[PDB]
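**Q** Based on the hints, put chains L and L' with the ligands in the right spot on chain P.
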Amino acid sequence: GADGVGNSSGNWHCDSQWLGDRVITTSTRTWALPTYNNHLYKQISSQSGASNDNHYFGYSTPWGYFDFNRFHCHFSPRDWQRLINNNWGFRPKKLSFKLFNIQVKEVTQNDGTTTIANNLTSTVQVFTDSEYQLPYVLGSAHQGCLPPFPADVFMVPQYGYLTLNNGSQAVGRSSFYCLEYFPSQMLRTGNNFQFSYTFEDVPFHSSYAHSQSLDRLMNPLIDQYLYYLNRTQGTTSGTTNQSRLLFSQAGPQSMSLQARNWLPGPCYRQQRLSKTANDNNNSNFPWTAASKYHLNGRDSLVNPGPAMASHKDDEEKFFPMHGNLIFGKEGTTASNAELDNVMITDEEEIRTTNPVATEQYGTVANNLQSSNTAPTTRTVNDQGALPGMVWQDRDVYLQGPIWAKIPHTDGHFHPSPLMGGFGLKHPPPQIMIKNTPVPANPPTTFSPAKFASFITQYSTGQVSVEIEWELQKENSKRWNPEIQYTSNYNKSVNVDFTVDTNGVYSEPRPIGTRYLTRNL
Amino acid sequence: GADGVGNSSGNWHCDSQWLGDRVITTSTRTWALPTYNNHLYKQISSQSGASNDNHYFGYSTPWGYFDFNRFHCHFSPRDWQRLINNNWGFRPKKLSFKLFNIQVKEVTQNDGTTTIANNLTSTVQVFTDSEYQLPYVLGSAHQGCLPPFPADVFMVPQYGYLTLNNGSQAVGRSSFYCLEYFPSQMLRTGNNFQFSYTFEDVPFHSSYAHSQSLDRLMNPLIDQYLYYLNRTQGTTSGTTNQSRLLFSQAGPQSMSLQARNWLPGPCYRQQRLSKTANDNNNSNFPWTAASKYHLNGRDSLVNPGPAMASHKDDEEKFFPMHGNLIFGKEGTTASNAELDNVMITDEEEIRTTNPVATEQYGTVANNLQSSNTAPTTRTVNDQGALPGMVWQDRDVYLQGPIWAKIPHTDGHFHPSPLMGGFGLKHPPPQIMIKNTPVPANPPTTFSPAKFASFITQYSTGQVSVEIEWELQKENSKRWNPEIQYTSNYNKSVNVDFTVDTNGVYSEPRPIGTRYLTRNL
Amino acid sequence: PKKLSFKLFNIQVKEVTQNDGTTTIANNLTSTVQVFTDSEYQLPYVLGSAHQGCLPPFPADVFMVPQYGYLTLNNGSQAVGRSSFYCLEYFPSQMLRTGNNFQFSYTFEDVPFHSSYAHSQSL
Ligand SMILES: Nc1ncnc2c1ncn2[C@H]1C[C@H](O)[C@@H](COP(=O)(O)O)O1
Ligand SMILES: Nc1ncnc2c1ncn2[C@H]1C[C@H](O)[C@@H](COP(=O)(O)O)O1
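Protein chains in written order, with the entry's author numbering: chain P, 217 to 736; chain L, 217 to 736; chain L', 308 to 430. A prime marks a further copy of an entry chain.
Bound-form chain P, shown alone:
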């Protein structure tokens, strides 16, 4: 693709249409790119004795990058509703990436006024980490994605990565990556950038909730043919009746004693919190009493753990200590914001396959009972994996992460990103972008010294992203209507998912995905 100055290098493709078996979303946004790090690679690390479990070492690059690992980058609210309310599941298929209508602007502070002018001969550099040789910094819920609202212009994030570290120091096996050591396409105004990607085979997401329960699985009307022991001593308690071994045949009556075929999913107990700031202990325990793990003598918070339900029946006020994902409302400090300023996600559809996050797991025996010894019971707060266990995964939300790169290790278990979504061995590659350095006035005499005098300039253009989604259609013989997402028909102030009096788009609530029901 090569055209002229007064000729656009692309069009605005922002649309979505459905094919009953699949859906194609196209999304275009306007982007702006500054000059990060002053065209310099800078070594970064932790403050000399500021914190210990936060010690780190890495580098900062003059490169920006494109991100669209959020669902609202592609699905308008209305669309998300069509998807959510009609499909057993869904997944990604293809991807088309396009950069175009590029403009390079250089600015000058002459006196007390900034003039901005065109630098037509200036270039910009783009490339894609398709061999995954660069540290994958996406799928970490960072900021700088495409604006949920198409009319919103966004700033392109800067690229930085972390390496291996011993405290604030580094090791010998630490890796330094130069992005100038990658072949990249240079673009002038009227040039453009093309890219296509094909997702791998990754299971459909669960856009459903089970209409049965792991324990309420059998026939309510018939008794089993298996027997269990329910009386160890209790007999005809009158004369000469100390103890006896008695067995009962399973019945719809003994519903939680019947022989079973499957187990609930794994668990890692979280601490229970209440939204009412007075049910809780008068202490500050978000760290000393929260669940966590430690690698190399460094404690890390187990924020979203295994998929566990948020609360039990008849509660809805108790949420796991960070046992779920939380989104911040529009306009809310990054530092200690009120509970009325954030949006907490309820995972109450998986109550049927998974243990509750705050509750125990079950009961294990740990002794050899006899006439001499009384049988001991121990509450299990942590459960690894077991043959027979089944479970559901974390939901995805309109503004949640989509995919995540699966770490290249010797072993994985259930490679589904813990924050939710699609785990990929080879995910959509990273798209790097940066303004090419333009030297200012050079000396008539030759100076070997590092060149530091540059013309200040930023870039702007459009970006387009087209993704094809495969849908799993609903096939239910449920007679009664199912629950659907819907807006309040009530006379309301502002309209949900809209701009306000002074033009600011805002998403009212987090949107789940499990509205339709399937059987176990």
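Hints may contain errors.
Under 7 angstroms between C-beta atoms, here's a sample of chain P residues computed to sit facing chain L [unchecked claim]: (1) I240; (2) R294; (3) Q297; (4) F501; (5) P502; (6) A505; (7) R694; (8) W695; (9) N696; (10) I699; (11) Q700; (12) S703; (13) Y705; (14) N706; (15) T714; (16) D716.
In silico BS3-like links for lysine-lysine, alpha-carbon gap of 25 angstroms or less [claimed, not checked]: (17) P:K508 to P:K533; (18) P:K693 to L:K641; (19) L:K528 to P:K707; (20) L:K310 to L:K641; (21) L:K309 to L:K258; (22) L:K309 to L:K545; (23) L:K508 to L:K528; (24) L:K533 to L:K508; (25) L:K491 to P:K533; (26) P:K545 to P:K491; (27) P:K693 to L:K310; (28) L:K533 to P:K693; (29) P:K309 to P:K533; (30) P:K707 to P:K545; (31) P:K310 to L:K309; (32) P:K689 to L:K258; (33) P:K707 to L:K491; (34) P:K707 to P:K689; (35) L:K545 to L:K707; (36) P:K321 to L':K321; (37) L:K508 to L:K491; (38) P:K321 to P:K310; (39) P:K689 to L:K693; (40) P:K666 to P:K707.
Hints listed in this document are in silico derivations from the structure and should not be mistaken for laboratory results. All C-beta atoms, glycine included, are put in the ideal place defined by N, C-alpha and C.
**A** Using the frame of chain P, we list chains L and L' with the ligands on its own:
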């Protein structure tokens, strides 16, 4: 179709599947048929001086008939939800009718016990009024349709019709119809009946609500270029300023004064009622104060009138005196039942095209104002049809009527059935059914007298009805989610649209159709 | 009416700066503009309401292009749940630089001739 005794003449086809562009519903039920009128055609009429506006004359036939002019005959609740929440509109296309697995039983009261036995050699008679030579008695919301619940067995309705009448007497131009004078197929056990029908071109129903309003149609930001007169006297009211003619250019400000292009629909004011039995007048006025019409000196209640909205904004408690359709809950006297026993339908989606039923229509002038005469205003309570008028039609409900035969007259206006649905010149024909008379013991001596001694017997079998529906797909660029029908996720007593403790199916609420939104 | 041909061309994008007390206006050659047509009528039709901003009766007159706004469903100053929000960035649109242009053709439907006459008789 001709088979044997020990061989079924058909299968149970009760299913529905979607084709994205259309939907096919198949419905099978078990039916029973008695011997109506004792195999006799009886002349019926009004009680000698019982009532005047209810005077009538007609006949009663020994024939039964099949009816499925209700939506719940075909759509399960879940299906209705899929249709309602996804489609701009819909309509009927084809029809397949089948009678099979017929059994004729004859009963005898010997002493004090009734024995029921098989009459294998007995027949039954079926035919279809395809030339519409018989009075069309369907589309009048009668009872005896197919049970909403497939497991429910139903009794087949008896056929009767009305003719022309002068009070309780009849005229010379009155018509007597014998159904034995129609060619009909006679069926033994193992015989069956086949029938196929194709609907005519009838507009899609409105499964949508307008997102704009007839009066809020223009640009909020720009002023018109047309001028109106808004001041007749009011001027610089100080000295020597009695009156003057002043004109203002239309603005977003003068929003209800701007020149217009269209009118709201027609109207026929209904009386306003409140659900709170104490806001109302302490009188009994459901007849003396309700809207009605009269043909041939006979007052008839204008029950569902032209499509008019039920209530204005911020009310929802005032419903038009019978200005809408009302469904009776499961198990509720046909005679004076409480308000908590019926289900009233709210027509509040057509607020944007239609006048309110209880409110006035508008304002008309009726004098020649001058300095001598003060300008008079008259409130218009009744409005015929006008060039420029636009409107919406009555909604259809899961348990509402589907179609209605359009009377064969010289003139029609908007041939949409007033109770709602599809008006057809040539609707699905009537399917008559009756047990063939079986004479009992005859005298060894010849008697000319009318034969009256018959063997008592009834019939039973299955009936199947397959209808193909064309769908109009949703194509909206609405950004925010639309309102959808959904069930209460709340911990509930009984499940909506279900059988209860003693097996009785019950529909909780009337279901509209206008959930999705389209522009004007 | 029968047919229609629409064309946009000779486009110029100007950017202005208030530096001190004087406004300088200069060419932004690399700047674009976005055009599209609501051919599926998915956007509220705001024409045919006698608004202003049409083409000048006199060809020599230059005109300012009107701004787009629409009304939805409302209960007083408040809105309802069935109210519709339309984003025009969610429509595929052609982007034009200087030297690009826009083409469009339309065919009217069968609509009766207007009455350019008066009856010489009376009912
Ligand atoms: N997001 C995602 N990506 C890939 N696989 C998933 C995912 N979620 C669940 N699984 C399941 C599907 C396979 O049966 C299994 C492969 O594990 P393996 O370790 O590859 O043998 O992991
Ligand atoms: N249910 C139904 N059936 C038929 N036509 C309908 C119906 N609802 C609205 N209309 C409209 C469609 C045609 O433009 C018009 C024909 O009227 P005519 O009197 O036939 O010239 O009536």
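**Q** Would you list, in rising numerical order, the hints stated earlier that this structure does not obey?
**A** Hints 1, 4, 5, 6, 14, 16, 18, 21, 22, 25, 28, 29, 31, 32, 34, 38 and 40 contradicted; others consistent.
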